[PDB]
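Asks: In case you want the letters, here they are:
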Amino acid sequence: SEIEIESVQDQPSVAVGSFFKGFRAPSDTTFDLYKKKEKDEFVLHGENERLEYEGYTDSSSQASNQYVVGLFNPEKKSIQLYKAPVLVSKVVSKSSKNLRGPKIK
Amino acid sequence: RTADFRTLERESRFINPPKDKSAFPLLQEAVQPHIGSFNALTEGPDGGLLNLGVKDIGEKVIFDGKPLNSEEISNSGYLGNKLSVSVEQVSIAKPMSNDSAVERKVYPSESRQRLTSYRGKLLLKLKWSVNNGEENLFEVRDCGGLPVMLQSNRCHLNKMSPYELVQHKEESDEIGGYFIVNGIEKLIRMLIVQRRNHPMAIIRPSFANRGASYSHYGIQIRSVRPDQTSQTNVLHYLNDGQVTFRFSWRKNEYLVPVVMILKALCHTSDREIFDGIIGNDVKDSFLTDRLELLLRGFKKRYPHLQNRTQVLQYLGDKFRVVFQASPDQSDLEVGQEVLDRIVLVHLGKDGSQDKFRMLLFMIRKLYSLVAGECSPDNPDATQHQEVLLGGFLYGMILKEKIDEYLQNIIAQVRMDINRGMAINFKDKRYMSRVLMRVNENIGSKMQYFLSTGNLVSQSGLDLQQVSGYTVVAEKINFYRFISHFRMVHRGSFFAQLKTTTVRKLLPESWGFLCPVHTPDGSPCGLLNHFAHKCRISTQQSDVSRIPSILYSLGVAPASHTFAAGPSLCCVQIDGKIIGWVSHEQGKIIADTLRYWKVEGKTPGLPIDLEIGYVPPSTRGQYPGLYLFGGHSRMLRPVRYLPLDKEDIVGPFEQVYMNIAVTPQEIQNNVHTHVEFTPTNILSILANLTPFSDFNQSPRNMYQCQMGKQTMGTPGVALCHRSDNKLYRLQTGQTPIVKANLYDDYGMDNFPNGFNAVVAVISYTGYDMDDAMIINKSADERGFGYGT
Amino acid sequence: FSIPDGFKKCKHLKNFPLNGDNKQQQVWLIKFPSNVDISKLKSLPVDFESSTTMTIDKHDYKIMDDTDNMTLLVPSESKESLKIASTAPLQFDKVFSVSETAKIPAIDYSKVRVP
Amino acid sequence: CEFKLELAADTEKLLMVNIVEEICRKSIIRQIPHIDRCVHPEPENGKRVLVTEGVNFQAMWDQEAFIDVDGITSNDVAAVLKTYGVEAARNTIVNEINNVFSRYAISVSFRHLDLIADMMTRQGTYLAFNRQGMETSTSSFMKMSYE
Amino acid sequence: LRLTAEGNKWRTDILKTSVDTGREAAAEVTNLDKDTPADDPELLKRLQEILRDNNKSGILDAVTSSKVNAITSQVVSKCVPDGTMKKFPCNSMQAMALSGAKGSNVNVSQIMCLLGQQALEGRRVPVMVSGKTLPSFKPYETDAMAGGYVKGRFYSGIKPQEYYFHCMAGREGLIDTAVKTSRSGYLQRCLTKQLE
Amino acid sequence: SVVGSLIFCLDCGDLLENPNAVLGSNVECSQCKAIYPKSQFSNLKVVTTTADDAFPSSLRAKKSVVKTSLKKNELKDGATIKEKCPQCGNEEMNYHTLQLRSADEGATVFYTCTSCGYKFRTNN
Amino acid sequence: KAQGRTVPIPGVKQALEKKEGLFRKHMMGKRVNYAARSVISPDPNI
Amino acid sequence: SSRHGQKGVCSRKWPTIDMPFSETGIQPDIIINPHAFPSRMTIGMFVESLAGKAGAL
Amino acid sequence: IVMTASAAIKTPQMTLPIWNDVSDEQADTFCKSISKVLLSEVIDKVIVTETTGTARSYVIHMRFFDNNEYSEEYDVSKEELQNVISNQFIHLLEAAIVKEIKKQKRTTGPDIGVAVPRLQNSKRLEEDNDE
Amino acid sequence: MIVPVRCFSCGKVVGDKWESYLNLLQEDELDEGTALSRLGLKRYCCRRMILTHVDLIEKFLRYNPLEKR
Ligand SMILES: [Zn+2]
Ligand SMILES: [Zn+2]
Ligand SMILES: [Zn+2]
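Protein chains in written order, with the authors' numbering: chain A, 8 to 44, 47 to 114; chain B, 12 to 82, 84 to 111, 115 to 802; chain C, 23 to 44, 49 to 94, 106 to 125, 130 to 156; chain D, 1470 to 1616; chain E, 833 to 1028; chain F, 2 to 125; chain G, 442 to 447, 451 to 490; chain H, 918 to 974; chain I, 1225 to 1278, 1287 to 1352, 1361 to 1371; chain J, 1 to 69.
Worth flagging that the hints you see were computed from the coordinates, not collected in a lab.
Incorrect hints may have been included.
[What the hints assert, rightly or not] Residues of chain F clear of chain H, computed beta-carbon distances all greater than 12 angstroms:
1. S26
2. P38
3. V47
4. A52
5. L76
[What the hints assert, rightly or not] If you only want the chain G side, here are some residues facing chain D, beta carbon under 8 angstroms, derived:
6. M471
7. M472
8. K474
Backbone N, C-alpha and C define an ideal beta-carbon position, used for all residues, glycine too.
From just these sequences and the hints, can you work out the full model?
Replies: Quick look at the structure:
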């Protein structure tokens, strides 16, 4: 079963970011994508009223693995491929940026 | 047509010592773990262990008792002038003798005759940084005569050919590996220590009797720094359902909750810890409850610690006194200093993400051991251990003495500022004054260790014993002398135990530890000897190119996958968890790696690499693809069936490997390797025993002890020696009946006996069980005469 | 934020065909090694279950298929940057992984096992 | 056997399975004091016997329908002395010391064992060959040269 | 030390039945009818259950040992002395054992027939977590040799696998002589001072 | 998201406190003060079955596929030798060899009479 | 029974109980005159 | 001792006239008692004896 | 015996001579009648269903072996099992839960920074038998 | 060290046959066995004497504290 490919995009467009099991978010916030110029490293950053999202690409995984995301058709049997970087995303809260004295007693 | 003795070849070599490559390379291969270990102290990549060690001990801070006088609240907070003292480089010189002006070369022969030590000048570039490098002062300080190892990187004999060695009053095929200390040849004995960078699930009743509600179950990883210094981290499962992190600083043990040490490494959520330990096996009620105990317990005990910085500050505040990191260092700095110096040091600094992943794996392995999913790893077994080489041990104690040396400089400055006040740190005069009031003779401190074997240290290293690290390289005969450099001890601490499991000869030792060569009585099963073809790892290479090969072979990255447990295969390279795969694919990667390993077509995969695959089992060992490349590893050559080429195997990976003894015993679909010769499983002395496969087991063992106590040949360069006592057989003879390996070790250079006409007869009546008769006329003719 | 240095913001982002009607839509994820060229291949042979075979310029590959957290971020507009995919959070319909496979040689027993 | 346990809202999380497990292996259904297990070995030299892993004569005295109360042997000398007297304990010493030697196929004359037993039972009690048993000896010089 | 051509034929024939014994005993302890094959997947799963338990392995070891030792006793009873080339009084090795001058018929049988099953602390040879008794043998191998049963004699020689297993059992005794705190010194000193 | 007896936040991922310990009607996360509950969470239950090895008994041993106990009568020692018993005189005797005292010392043979059961230790 | 001085000198009680004691080492057992020691060698002719 | 773990103390230095003499006219340099071998089981020494003789000739 | 004359022997035993009128089956039944029987020995499985409502509800179900199985292996009746659970086991379980609640509220966690206790002639021990 | 004077077993002079033995192995290119036979060594005791001789004296002499280099 040989499946045909319609188009391949080597330019930044769509990205995938892993958080944790059971992540919902407000679904109205934006994520700013960044790029560095052999292999390009990507950085993700988002902002919310109570939360803040920060993501980056693994240096050991980027140079060795190349991730791609595609859309499949049930009748045409053609996939539209687009390169997507995997960003290890962490979420920081309002509770952060809290600290005591540098030297205590 | 025969397996003859070289008579014409022998006598020609006796008169003509070769000017090219020395004969009998196996003899130099016997002292390979000793010389190699000491060679890696200065030579090799990263500038040697000694330059790495001074790079790890870092700075030593002290502040001047002087005010700021600024036109203020800054004055009260002002600690004074900063003084950060460290050591950038470490130099070792070959033995020399100055007479004050021009230096002259001093050879080992001289040191023996003079009844002195074969010392080399130890130099180290001291860094005197003031107010965080606003003015730096450097001085190459002479730190005494460091005893140098013979035929090593810093010995005058290493280049010398057999001809040159004889012309310099040494043996034609001089092995080395020892130190000449006050005329006595002393060697650092090899030790059996826990395999580096591997989580070990262990059941110990010792863990229970230490604290309250402590179980037998626990995990133990022996993390090793690039400078070969070790730092063991232990995980404890409490009956409450709590997990605690055990470690050691100075000579004291410290306990911290694992959920605290996890949150200090990198910013994570409680669910990130949950996904990190519990994978797709979310329905496992046993795990569901235990993890709730950890997370709720941390929230109950430390509700204030809500971010990575607060956790680091809480850690810094409680350890500011023990880690001595003060008085300008913040609790955030001290907190990180604790982490970088204690938690999984094998992954090192700028690898907190790697330390976090490895810690979660240890918790899951701990819970698999409690439940019973995983069988406990045996520390006494050869598969879960490596060999601490003398040269590495020497480098560790050296790193300790230079740390002490820097502490003493600060101690002198503290004495100065607490009395007469003297002057400032920017003046070179003051530095020179402090430096000559400090005991800088590290050479004598290192000479002491080689003269007593007593380990004097502030940390005590990652070792149990404190004595017998050094032994006299007894040269009563060559057989005893060569066996010293192939002898390995479990530890002095293990000798005083009622346990017999430690002394038991195990199948894990096949081809690594000799089954015959072990003493009778008290050192039985403790004082082992390696196999003649066994080798020990001196360093590692191409290790950084292997994750790229693994990721291409289908290994899913651990940072994106987020799934852990014995249900899936864990891929690790020198304790660095790189990814996750299925157990089916796990073997496929392990088999394909070995194929490209023996093939010289792959540049990033070295032949000396250990591919430790552990298949899934019902209540067996914890599964995974634990690869190794590091130092101290036990290695042996075998013939790999496909391609018909040499392959290097370790004791960890061998357990699941099918290696046929003889090529005629190779069974289809159940064999992957074959032995070159079965003689590879025995020691040098064990191989030398004629027809040993026809003698009863304890008689072959007793012969090793006998050949060691025989009055044979201790050397031929005796007219340039001055040893306590030597035993010399006058009429040495070559055996008619002999193993061919006798020639491979050139044992004809040192005859141990004589060929005699022996009659199995009961005639005289004076011979019976423990008594034998010697011929008078034979004795009168000089038979068995010695001096 | 602004940090780190040498990183420039992504202003231009290409269009993604996202609808999710109902004769239904399918989103696929594929893992590929750095050695293979994606622009060279214009057709990929893939079938259901783990069983797959592929050969691209002497090198052999296998496409591992698994049924079963990752979050997909699709661009709504070039100026709106990236947003979380949703229909009613979103999950991939089918997940694939390309693994490089090597053929190990069969042991020549007639040559190695000698009496 | 099913039973429900109700705890307070402040009691929160607890590992009940591990708690139950430990109490089950601690709970005794039936136990006869000082006795753990009674086994049936092969008849010793033709004698039909039962070997107990504990000592309580008074309890076995109630099992007269199964056991011959006039032949109930025991290795515990002190227990035999307490219930049956000094002469019975004396006989237990000579038999028990003989069992130690007979197992290693070593023959020691009973004249030796009888003398040793009589010396241990000289005070009507069970004295051992040590500082305590010696206290009742006339020679202070013998005592001084011991410890 | 030599057996006659007739006596040596008997030795090889009785030891030829010992190959089946390994799997036969393994099939008995595991409880499997019609004697299942050595490579059976259910048998290999059943032998794993035995490997993880100290008691279960004990039942397997004691059954296999009793069966292979019965094969040993047969070899010895047939070959010695009715199969020895040189016979008593001329066979001095045989003579010394019978006279009580030195040695026994057990030592004589290890020399001329077979060493037998190498017993380690009451059981057979120790086995790894992988189910292998040596890297040479198959995991969960149902063979007498794999368990430590030495068919070889000291006259003909012993195979490397047998050599390593003999090394284990040989050392085992010397280890016990090193770990034995019990001394008769103080026990006798206490009796003599009170009985002098 | 809710798993077993644990309840996790959907925004940050921090483990939420027990609703019984804090005030009624409403619950909030420690990291971010999030709006909870929905009351649809329901009273959670966790089924925890026993370690099955937690109760080692003679009956449990009789239940576990593989032979766990040997027969009283069917009890055999080592190999048999033609050495006569010094107690009764039985020609058959079970043997076992070991190496005691030293590697210089001769081999020690342990005998067991098949007739009575007499243990006999002799070196030569 | 005496205060610690910055191994102390042994008292007369210590002299009578140095190791095994004066009674065991020099009364119950003693070094003797008119005695010799040597390695034994076998002899069937005596 | 031989290379087979058969150590023994020198009981006496026996004269060659009193020593047993071979058909060849050789008297042994060392005499080992036959009662040493049945307990030790050092057959390696026995094969070493006929190998050493074959190699000397 | 000789050296300590111990009243507390390591392996105390009793040899009970059985009559001729008592059969081999009767004697084995008698052995079971005296042998100490534990609750663990008759239990097959324990299922705890921890449900938190309103109050921590713990549904403990004791799945034993078959009635005829343990009655033929331990000489224990169902009536004998009822008395032990209703009088001993519940009182022992309640005392264990109360003790675990106190132990939880007593020490909140281990002390950080404070040192804890460590986990764990030389030539004479290094000498072989000939030495 | 050097070739022993007389065979340990019988007493047949062997010391004059060492240098002659090497000449029969080098120049004459004979085997070990035939070379010993031509020297007049038929008893296996006399045979092993020269055959089994090491001659460590040549190795020992290379260390001379009386001559420079
Ligand atoms: Zn939240
Ligand atoms: Zn008998
Ligand atoms: Zn001669």
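Asks: Confirm or reject each hint.
Replies: Checked hints:
no., hint, in the structure
1, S26, "holds (88 angstroms)"
2, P38, "holds (81 angstroms)"
3, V47, "holds (65 angstroms)"
4, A52, "holds (49 angstroms)"
5, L76, "holds (30 angstroms)"
6, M471, "holds (6 angstroms)"
7, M472, "holds (5 angstroms)"
8, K474, "violated (13 angstroms)"
Checked against the numbered hints above, the structure breaks only hint 8 and satisfies the rest.
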